[PDB]
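*Asks:* Fit chains B, A, W, F, G, X and U to the supplied structure of chain V, relying on the hints for placement.
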Amino acid sequence: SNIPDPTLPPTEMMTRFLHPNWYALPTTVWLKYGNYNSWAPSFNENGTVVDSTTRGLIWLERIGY
Amino acid sequence: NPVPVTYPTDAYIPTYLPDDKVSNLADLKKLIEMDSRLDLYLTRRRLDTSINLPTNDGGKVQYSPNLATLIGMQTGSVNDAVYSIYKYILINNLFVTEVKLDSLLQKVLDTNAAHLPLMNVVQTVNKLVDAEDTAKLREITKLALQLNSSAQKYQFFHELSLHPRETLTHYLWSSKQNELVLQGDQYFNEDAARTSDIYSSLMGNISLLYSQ
Amino acid sequence: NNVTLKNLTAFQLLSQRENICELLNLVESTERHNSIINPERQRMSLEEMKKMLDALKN
Amino acid sequence: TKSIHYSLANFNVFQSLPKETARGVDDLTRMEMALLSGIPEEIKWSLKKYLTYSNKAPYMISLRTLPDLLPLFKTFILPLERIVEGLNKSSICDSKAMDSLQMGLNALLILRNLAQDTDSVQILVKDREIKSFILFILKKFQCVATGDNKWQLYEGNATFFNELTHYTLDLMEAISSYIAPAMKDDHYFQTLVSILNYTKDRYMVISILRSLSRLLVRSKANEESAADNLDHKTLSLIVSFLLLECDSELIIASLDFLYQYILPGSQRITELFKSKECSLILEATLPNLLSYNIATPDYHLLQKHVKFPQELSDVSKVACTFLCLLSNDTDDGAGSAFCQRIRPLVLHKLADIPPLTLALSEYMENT
Amino acid sequence: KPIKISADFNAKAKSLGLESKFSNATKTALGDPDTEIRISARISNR
Amino acid sequence: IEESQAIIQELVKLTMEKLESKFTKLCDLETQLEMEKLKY
Amino acid sequence: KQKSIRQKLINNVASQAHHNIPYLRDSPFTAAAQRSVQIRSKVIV
Amino acid sequence: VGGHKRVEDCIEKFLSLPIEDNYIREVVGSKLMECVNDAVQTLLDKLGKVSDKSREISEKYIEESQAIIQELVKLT
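Residue numbers (our numbering), protein chains in the order written: chain V, 1 to 65; chain B, 1001 to 1212; chain A, 2001 to 2058; chain W, 3001 to 3367; chain F, 4001 to 4046; chain G, 5001 to 5040; chain X, 6001 to 6045; chain U, 7001 to 7076.
In isolation and in its complexed conformation, chain V is listed as follows:
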């Protein structure tokens, strides 16, 4: 039946495999407005999952140090 024998190198169970717990989630994106702007919005929230200042905390604890 032309089924590969287990000696061949296709054999591996999971090489690329994503679980919904590992899906990327929509989050607040941060925008840059020049370098002399302090009245600009600097955020863009369209209904993301964190959609608050919690994303800033996540960035603070993991990547901020």
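Calculated from the structure, these hints are not laboratory results.
Keep in mind that a hint or two might mislead.
As the list claims (entries may be wrong) - The calculated DSS-like cross-link candidates involving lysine-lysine, where the alpha carbons are at most 30 Å apart (straight line), are:
#1 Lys5013/G <-> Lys3276/W
#2 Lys5013/G <-> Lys5039/G
#3 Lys1060/B <-> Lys5037/G
#4 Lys3089/W <-> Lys1176/B
#5 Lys1136/B <-> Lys2051/A
#6 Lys32/V <-> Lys6042/X
#7 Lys1029/B <-> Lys5018/G
#8 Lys1029/B <-> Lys32/V
#9 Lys6008/X <-> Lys7046/U
#10 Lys6001/X <-> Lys7031/U
*Replies:* For chains B, A, W, F, G, X and U alone, coordinates are given in the frame of chain V:
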């Protein structure tokens, strides 16, 4: 369009702290509003306007003896040429508003059509002749998040003082509902998905799949 | 960046437990408070205000 | 195989006679009937499929086509006015509170989706029970924006709160068109003018500027109106967005709002130019906005050794129509002194960009 | 104090149970390109 | 920490008035430049 | 052949994990993400 | 196989054959939060010292917050 970045640019600087225990927070709000007014005056003078060459090496061009009759000069930058030609098309009221070409324009353009768009007119005109601020804005937005963290911990413990019965049952339900989420992806790890131990709801699923 | 449901749900629990286990006085977090108040940033910053305020008078 | 003794499923009277739709209730009636039954874990599916048919086929579940839908959705929307009343303490404490909060946020996003096509928003504005809820959410978000102590956010619930504003604001974009104010002190305008000064995010700033612009049409500027609640603290901000030369969406929204704010009467123009931090911005931005992303002739031959532009951007078109309307104000109002102080700078932009001479016709005929 | 918390994030998680739940994928023993060779050799031998 | 509050209060109170001084002076200079530009 | 059917199960039962698993469906963030996917861009004019 | 059972028994019978386990075996904290989650459960009828302790910790976090703001003023 503004470019998205990979680091938070600003923070909300919360205001649920009691304004009679922590002081000078209004001083911070006044300083931030003043810096918000100290750069609206800079961006304005970055778009500043200047009128320095109405009439006044490749910046100087010698005009032809024909175009020298619509300018009053025989040399000058190309800006003066295109500006003075437009001024001549404007003073003599030649635009059709009821460009209609004049008599001297016939010669300067070498055209007898007596009617030509302005685009072609200026075509014939051409035919005849910074780091440190990013670090400061990341250092400040790296403190308004530490402030936004300590303020959240204060908000939690203060909302725990009032109604502790309501906060503790919420903590115990969040715990019993989050330790379940984290234990939902430990079934697929490539060393327990080929040992036939989890294949003896992964049985009704094959029923739905075969039916599908 | 690159946050996911697991990375977020495991962050909420960490924040809830850091507080609960602190209410029970089981957590010692003095090596975190010795980064805000105890360092000389509480005194040296005041020693910088003590001179900027005087420079702002002339 | 096909035999009576094998199975009794076709004897002589039903083997091709049953209709092609005899397999249960249709996918729409099933949604409508499983929505008023009291069993949970079932509403979480009906409100999932309605949420799907509001982004893949909204013309099928339109409110006008089914005049028994808003009565059902209000049963999930109204309890939010009580849940949102909390959210300053621990209001979610079990698995039945979240079950009634998500079942409400889904019913709110479904209305937010069905409130985008025309001839469907004409049903929300008729029922006061939804406009009152939107006003309530805007009131709470004003309390969050101002900073008063009567209502605090309890940041741990911000996840459930910042997903309600970004839906009610989108419900206001489609509703602000169908209403026109006639009184000075009026909600739906004091809340938006307060939120705009705080929201600090581009999506809300644009949604608010569009809502305010749509709350000033079909009105005359000769009497008290909603346009008198704002002052030189908010107008000194909407015009400041013109200084932001990093995008082509805030500039368009600000120019559109000013064009809608100026349209009626000439006293609006006299009021807009009162301050000395709003005239200095327009005087030094409206000339430069006629050559924004227009590929200037690139005069660079002064350091070396022309290809004049052909079209103009959307921002240049809007700023052109703005100067057109500001041109014909009066012979004494500030609307003419402004266009006169801008002539020696609009002239250079007319000399370097040909196609403006056809669009700036009305501005030139008035000077 | 049986629990000690530091400024970093890994030790903070390690003190609590969540220590190993901040990884995108669980570690493996059969994804090694050597273990699969040995298993394939044993199968070919049988 | 109260000494910090008194010092920050005095420093902010002094800086706001200094900035408003060198802000109105600059606005006056811009007005003079404006009339010197329209005359030209 | 067995490791090519244990791959379709695990790839057709992991994708359907936010609509079947109870403690994963009705949680916060998962519902927020599901709603966020169906936002429907606003009519410009 | 003749056929005396459902069509779906063979699929599971083929998927659940331990044919590679015999050759794989030849080659190859959190206890605190399991008891704290019930110590709080038993703590949950007075709840007086709980609130007093919470207020005592809030008095510390509002102080580290004041220190953070006292530094943000200098940075600004």
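*Asks:* Could you check the structure against the hints above and give me the numbers of any it violates, in ascending order?
*Replies:* Those not satisfied are hints 2, 9, 10.
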